[PDB]
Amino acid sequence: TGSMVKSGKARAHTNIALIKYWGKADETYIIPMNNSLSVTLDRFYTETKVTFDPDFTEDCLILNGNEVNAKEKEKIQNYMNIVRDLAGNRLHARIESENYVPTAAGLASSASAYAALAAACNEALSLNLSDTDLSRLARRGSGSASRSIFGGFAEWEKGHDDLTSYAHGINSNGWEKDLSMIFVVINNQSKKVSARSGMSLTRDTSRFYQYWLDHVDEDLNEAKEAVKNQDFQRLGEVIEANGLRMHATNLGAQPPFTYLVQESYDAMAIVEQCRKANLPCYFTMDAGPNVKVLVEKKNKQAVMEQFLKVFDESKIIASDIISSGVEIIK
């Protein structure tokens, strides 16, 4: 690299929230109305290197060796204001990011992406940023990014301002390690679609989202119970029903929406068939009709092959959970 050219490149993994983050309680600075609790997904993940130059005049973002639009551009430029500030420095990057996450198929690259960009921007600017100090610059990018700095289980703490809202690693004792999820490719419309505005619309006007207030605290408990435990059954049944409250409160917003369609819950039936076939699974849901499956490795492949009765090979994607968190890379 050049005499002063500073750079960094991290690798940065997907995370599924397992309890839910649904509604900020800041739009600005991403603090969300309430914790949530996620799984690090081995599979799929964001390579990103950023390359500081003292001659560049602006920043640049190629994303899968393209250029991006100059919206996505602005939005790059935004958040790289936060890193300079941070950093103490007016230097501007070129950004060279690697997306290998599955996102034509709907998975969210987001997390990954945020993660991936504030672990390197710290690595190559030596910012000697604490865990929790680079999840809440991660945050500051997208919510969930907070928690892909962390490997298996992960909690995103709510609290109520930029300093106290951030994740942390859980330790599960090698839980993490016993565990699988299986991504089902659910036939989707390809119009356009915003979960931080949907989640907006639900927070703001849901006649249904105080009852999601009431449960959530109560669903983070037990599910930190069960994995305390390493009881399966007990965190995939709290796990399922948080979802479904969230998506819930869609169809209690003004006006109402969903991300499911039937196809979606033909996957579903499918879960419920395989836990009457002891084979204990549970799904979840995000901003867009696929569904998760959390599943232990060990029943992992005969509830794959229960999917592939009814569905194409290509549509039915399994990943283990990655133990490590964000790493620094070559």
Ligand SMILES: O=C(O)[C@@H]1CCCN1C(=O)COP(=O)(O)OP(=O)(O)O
The other form holds:
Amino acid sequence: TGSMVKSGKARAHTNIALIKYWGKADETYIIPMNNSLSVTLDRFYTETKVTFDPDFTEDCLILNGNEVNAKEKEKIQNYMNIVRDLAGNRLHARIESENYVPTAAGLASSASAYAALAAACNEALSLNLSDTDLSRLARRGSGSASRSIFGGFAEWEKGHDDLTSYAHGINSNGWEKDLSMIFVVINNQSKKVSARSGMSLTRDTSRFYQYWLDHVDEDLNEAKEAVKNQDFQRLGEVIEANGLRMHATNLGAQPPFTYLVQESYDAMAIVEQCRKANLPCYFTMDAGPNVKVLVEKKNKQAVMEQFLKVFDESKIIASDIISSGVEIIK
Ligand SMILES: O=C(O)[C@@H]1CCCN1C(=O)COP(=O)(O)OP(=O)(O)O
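Switch over from the form deposited without this ligand to the form solved in complex with this ligand, please.
What follows is the entire complex, opening with the chain shown before.
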């Protein structure tokens, strides 16, 4: 690289919330209405290189080898303004990013993408940010990204302002190394839906939103204690119920909506069948019909074969849970 050129490249992994983030207290800084708890996936990640050069006049984003539209371009530039303000400089960057996440299959990439960008900028500009400040910076891009700074179990503390809302990793005595998540890729419409817009309609008009608020802290504690004890059934039951409560809130929105399709319900049924046949596992769903199945690694295969009795081989994708957090790479 050139003499006056500052570059950094980072790899960050996606995460799935077991206790859901859903609805914001503050829409501009992305402060959430409640804490969330997630696990960071080994298989799925984003790699992002950022290159700061004084001769650059504006930010450029290249995604999987392709230019992005003026819209995405405008968005990334506003995000980099935050970075520039944080760093006290006026350098623009060329950003080259590669998603190793099944996005076509409906897996979200925003958590890994913003965590990767935050880390790469910190590396490029030698900002020396703490994990806490990295999380805070990622959060500004996407709420769930705040958690992808960390490996294993992580929790996003909601705080009350930009300084206090951020994530931290939970030590679980290496329990994360025993667990896995199976993704059931569900046939969906290819229409353009959005978590940010969905949770906003819900958080604002849901007749069942209060019900969600009145239970989430209890769920959070229950889950955290289940983790302290490596009690899989205890964790599973509460996260499965939390997730369903989240989708319940959408049904109460004005007017109602759902991310779930009949096939999501079919996969749910198979999970309950696996349990009754002494194969512990629990499901959760995000802003779409895909069903994610939490399972102890020893039972991963056995559970998968049950899904493989009905779903296409290509639609059953398993990932382990990675122990380590965001990393700087070449
Ligand atoms: O992952 C989450 O914690 C929640 C729970 C269910 C799925 N989900 C989401 O899709 C959150 O998607 P985000 O891209 O982080 O939303 P923004 O903060 O507006 O950027």
